[PDB]
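Just the one chain here, the form solved without its partner chain, laid out as structure tokens.
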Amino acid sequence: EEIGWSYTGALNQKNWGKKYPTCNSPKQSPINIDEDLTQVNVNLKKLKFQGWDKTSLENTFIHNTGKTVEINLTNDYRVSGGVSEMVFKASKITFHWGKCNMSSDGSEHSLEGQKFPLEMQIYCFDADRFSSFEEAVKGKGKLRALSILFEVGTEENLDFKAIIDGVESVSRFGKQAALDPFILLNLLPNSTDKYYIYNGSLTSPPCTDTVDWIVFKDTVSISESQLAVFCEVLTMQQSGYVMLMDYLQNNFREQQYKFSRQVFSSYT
């Protein structure tokens, strides 16, 4: 089907545009966000979560795609706010990490030039217009994504126990496993009223240019042992004329120029 890509190997990120032309547009993600360079906007609509405090359904799977571990959400998770009151449906969660220690940079977005050891991204689309997130992407519909940045703390973050167990379960390339019950709202930072928003894109091919990003100012903390499980995930990579298996590490796109884009900031 779709042509294989990598971050720094074969068809690396500098060359994605040769096959996926949108990857060369001026509205690409991720970016760095500096607070003093943003525009505070009181007009922004407070974030509204519907169904996020409910238990995750039994058919919620995590999946090792070789580029990330993806969670395919099943509940009717609805979200709105920021630049509009239009309701989106949250359908996918992906993770980006480095070498998985407290001092490693693995996030895609950064704040104040600081990268983080882990980033979680939750993807959403307009369920009225489209039947699935993939269809929305294929049709260039309006997309919304939320970025959650992580720091390593001293203690085990119990809200993530089910997720972490799931990542352990899919170390093997391509593997899928059902997730133990979890609560999606509990995966977000303590307070969500402080956030940034900008016009951007998917951070990997096809790099679709129609994503409004919400990036939370506050971080989520997990322990060192929780972060460690991500670097046990396995992938396949073409290295020269040989196809090899390796640990999945540094699975993030480098940062992009803003090109006149404005970053908006909530007011609290």
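Positions refer to the first chain, counted from 1. For clarity, a rigid core is taken as the largest C-alpha set superposing within 1.5 Å between two forms. Compared with the form solved in complex with its partner chain:
- After superposition on the rigid core, the C-alpha displacement between these two forms reaches 2 Å or more for just one residue among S225, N59, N41, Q238, namely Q238.
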Given for the second form:
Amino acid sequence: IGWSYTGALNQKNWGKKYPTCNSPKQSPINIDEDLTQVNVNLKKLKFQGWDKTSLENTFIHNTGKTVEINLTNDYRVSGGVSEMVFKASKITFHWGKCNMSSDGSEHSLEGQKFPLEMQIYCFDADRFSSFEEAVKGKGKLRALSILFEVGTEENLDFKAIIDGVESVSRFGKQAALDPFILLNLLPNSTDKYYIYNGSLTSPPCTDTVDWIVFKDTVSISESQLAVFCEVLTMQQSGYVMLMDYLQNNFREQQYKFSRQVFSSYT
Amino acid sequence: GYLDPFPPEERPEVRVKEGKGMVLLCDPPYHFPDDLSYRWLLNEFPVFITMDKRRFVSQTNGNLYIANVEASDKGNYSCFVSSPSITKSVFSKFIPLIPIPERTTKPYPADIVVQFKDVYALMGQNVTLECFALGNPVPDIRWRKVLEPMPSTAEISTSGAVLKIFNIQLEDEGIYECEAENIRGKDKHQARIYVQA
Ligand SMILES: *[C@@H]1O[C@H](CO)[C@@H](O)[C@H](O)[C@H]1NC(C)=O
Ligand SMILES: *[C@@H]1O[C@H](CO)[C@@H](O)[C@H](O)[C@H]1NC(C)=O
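Could I see the form solved in complex with its partner chain next, after the form solved without its partner chain?
All chains and molecules follow, beginning with the one already shown.
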């Protein structure tokens, strides 16, 4: 939009235009298992529609801050603290410089950073017409965080996603995704997860995200990870626009401020 | 008709390494009619920029496009705006540009940042279309009509970036495409010319 991670109005300054970015409930955070509260009363995650193939009008868009997928299927998800049903509608990605040892992710587990984080954003379809409206209105939001590790073989469940990312390398580019199964973009087992109350990880940092962070990573290959760093971005500073490879598009970790992190039991 | 002056405030210095693409924004003042000619000055009036396939000035938005910055680009840049109908010109405070030298510049794939829009024209009018990409090496711009021949009198100017169609006929309407490319990658952009006769 009109900010940046490092640069003009860098992430430390966001609070000046966007006060909520300074609240005590900001994401991302580090999560250590043994500091979480094991909560066996957590409701099992329930995914409706996620196994169905993607609709043909599902676009991925290079926004210059990330590559963003606007879902179309009626994807639903419930579980965790309550069985409240949310509608999945947006996917985003955060990365570093696309190397195995690299960081890049926003959340971390046991202090470990991963090369890539995918985030699926959800809202209450009963109170809002869309996710954007849900944001504007500070509705209950829900976000699932999927972390990645570089493996050996190409992860075919991600082929459509990666080809998409390639095809929107150029700034502002939009393109239709080939068919993909949303539920196949998650870790093979989803039972083990953390959940905490956080926020969007870039302006306007809306304070009402229930985060579900999965403990098991998803594997992709090097050539897959690599296309994310081929993404181009144009950013204004003063009376000039600068073109760069988009890199390190993650927010620095926030302080927990005594927030409780629940952990699921398996 | 009229043309206000550029603001007094200074334009902050910019340091960009050789090889990167950038756009210097003209940010033209309020004015009417909107038939301005745009030029850019180097350091002081009346020293005008050299234009070529690497440096392009858009006659729609007045911006200065530099495919890839080179050390020789060092200088201060001001947007020089002329309204022919009122014989008047105003130019802006200078953007001091300071290339940061590199021994091996980073390759960038052609990326189209000047993208023509759908155009509607009356039979007989001339139509002008702009296309330009940032990139390193400097990208080559190609034009074509999608799945049809180009109008026979169409002319390509300003080091490849500008397509002009003259005295447009109904047959000329259709989808036109811009292709930009260097060895590191390519980009393309499409839109429609409508002719109402
Ligand atoms: C460009 O502007 C700066 C003032 O910001 C000045 O010091 C410098 O000498 C100028 N360069 C030229 C070539 O006039
Ligand atoms: C179209 O451009 C030509 C130059 O080739 C010019 O002579 C003519 O006046 C233009 N048509 C109109 C109606 O402006």
